[PDB]
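The complex is shown incomplete by one protein chain, all other protein chains being positioned as in the whole.
Chain naming follows the written order as A, B and C, and within any one chain the residues start at number 1.
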Amino acid sequence: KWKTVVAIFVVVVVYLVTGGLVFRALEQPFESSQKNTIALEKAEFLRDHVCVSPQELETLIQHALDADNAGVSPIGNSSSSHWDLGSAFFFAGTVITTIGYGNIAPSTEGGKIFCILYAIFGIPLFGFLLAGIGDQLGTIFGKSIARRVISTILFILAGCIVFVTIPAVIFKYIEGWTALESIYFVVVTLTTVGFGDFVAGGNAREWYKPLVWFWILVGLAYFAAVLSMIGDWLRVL
Amino acid sequence: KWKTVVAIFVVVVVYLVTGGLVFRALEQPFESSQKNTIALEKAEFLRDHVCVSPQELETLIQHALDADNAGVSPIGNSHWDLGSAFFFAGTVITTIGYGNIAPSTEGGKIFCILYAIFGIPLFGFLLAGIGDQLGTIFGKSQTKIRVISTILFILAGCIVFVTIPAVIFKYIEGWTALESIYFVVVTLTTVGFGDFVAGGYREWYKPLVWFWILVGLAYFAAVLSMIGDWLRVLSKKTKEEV
Amino acid sequence: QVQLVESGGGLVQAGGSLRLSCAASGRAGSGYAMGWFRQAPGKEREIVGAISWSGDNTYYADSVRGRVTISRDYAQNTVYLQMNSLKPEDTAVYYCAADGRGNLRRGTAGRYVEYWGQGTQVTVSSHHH
Partner (left out) sequence: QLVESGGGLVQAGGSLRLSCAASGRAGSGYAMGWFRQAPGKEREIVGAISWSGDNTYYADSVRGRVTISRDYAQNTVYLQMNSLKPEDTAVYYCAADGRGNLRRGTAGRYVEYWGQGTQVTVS
């Protein structure tokens, strides 16, 4: 019914107003503290080093920013390529899964053209693979349920121990991230949001990068199949 | 069948190997030019200014990068205002997640985890509602007649939801012809790289971007759903014949 | 706030040397970069050189690169200027500056400097000796 479309639209709009109010209350006080800190750190650098002109500082700050936008980290003397055989394969998978981290992105003219066409044809190819894995997962879920909402909580909690809890332990020990940062990466990844603030194989194993994309593949096809099994009951109900 | 799952998996795997080979060939020569330039620019700065230690340079570069990651531009003397924070919330819900701005605080990351968990299925119900109304409008030799009408709806949608807004982005944001289409494609496909974000001039510019994302997303997903429903029916007739 | 007192200006022969001083009597315990500037009669104010609060690093303008030497006595909080091989182009009012907010090097004139000195008149004579 169209009445329920306008009702769902109004609920979505107030949810963004509500969420936006909470996000501002948490982030804006820190945003002001970060703005004052960089301004102070620059004013101290120019005072301690009388040789560097404020424009000479701005010129180097721009060069550092320019390199970061291109993908090369200005920090370090190794300036570990992001387009090697495996890292470029992982980037392709990042596009297909609609995650799109954004730490690395096609800066070239031809790379952006290829990426447009690559996503157009590649995203529906992954959808057919997700459908195939969801059908096999649905048959296992149907047999595990037999041995309706109580059983749905059991499958969702178990999935959060294997695909959410277990890999977050690996990320906390390998990447050295915090307990919250390891879960936040997992959640943002599996929800195909892809902020890019945390990415696998950041900056310093051969099997590490392919094991991340396999976790993304199995972890994505499990939670989407659980949501689709619920969505099947929601359509009937 | 499980045979078709392994076959689709192999096809997906070789598509990433193929795409990865092309991406490296286009991006890696440029990546090497950018890596050599920053290394040279830093080695010149340390040579010209004998007062700044290479670690003292690294410390300031880190402060500039830390401030950039937080959202504050180090170059020069708010992303969380009423409207920009509302747009960020919508960016999470639509699974776009640009990444130009992201929850840096401890509490903001916790709230974002829970916000996405409950917010993404809320948007899916709204997309389902808009897709049902769009399906009725779309509805208003036997197998080729149904596929001929599918090409008509897909081409028209690419003129109104893809071509028309890219014209607006090219004139408002001043982006290139390719950069305007690339933004539209990456936005509508919920990829959200964040290399280009709408509103980097008008107060009605931010709400008109999320409305375009809302209508444009619910139109192409409904076309893929109405086509996927006919493809499921055609797969049943194809399974009975072969 | 800081207070600057100078000592060293006056008439000098061409080719001679200029020895200036500037003591910072201000109890500003935050640290400040000091410098020397000169206001030419017909031209704008120019930077001569600069030195950090500790004195570990100095700067000299291109107009006086190999001639001047900015010294500093940290115990008595005083900067010194020794300009050897003088020219009639050096004839100007020499001020000492001290901006502890990073604005000393902002421009070549020092239009953003926090603390300014009294200024000392320096006049380079030649033949008229």
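To be clear about the criterion, a residue touches a chain if its C-beta (ideal position, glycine included) is under 8 Å from a C-beta of that chain, and two chains touch if they have at least 3 such contacts.
Taking the entire complex into account, which one of B:16, B:52 or B:222 touches the absent chain?
Missing-chain contact among the listed residues: B:52.
Which candidate, C:3, C:39 or C:69, sits in contact with the chain we can't see?
Spelled out, the listed residue whose C-beta touches the missing chain is C:69.
Decide which residue listed in A:51, A:61 or A:72 touches the omitted chain of the complex.
Candidates A:51, A:61 or A:72; residue touching the omitted chain: A:51.
Considering the whole complex, not just the chains shown, which residues of chain C touch the missing one?
Residues touching the hidden chain, for chain C, are 54-62, 65-66, 69, 71-74.
Considering the entire assembly, which residues of chain B contact the chain that has been omitted?
These residues touch the chain not displayed: 42-54.
One rule holds for everything that comes next: only the chains that are shown with their structure count from here on.
I want to compare two interfaces, A-B and A-C. Which one has more contacting C-beta pairs?
The comparison resolves to A-B.
Once you find the CA centre of chain A and the CA centre of chain C, what distance in Å lies between them?
Chain centroid spacing, chain A to chain C, equals 56 Å.
Any idea how many Å lie between the Cα centroids of chain A and chain B?
12
Give me the residues of chain C that touch two or more other chains.
Residue numbers touching two or more other chains: 52, 57.
Give me the residue numbers in chain B that touch at least two other chains, ranges are fine.
Answer for chain B, listing residues that touch two or more other chains: 50-51.
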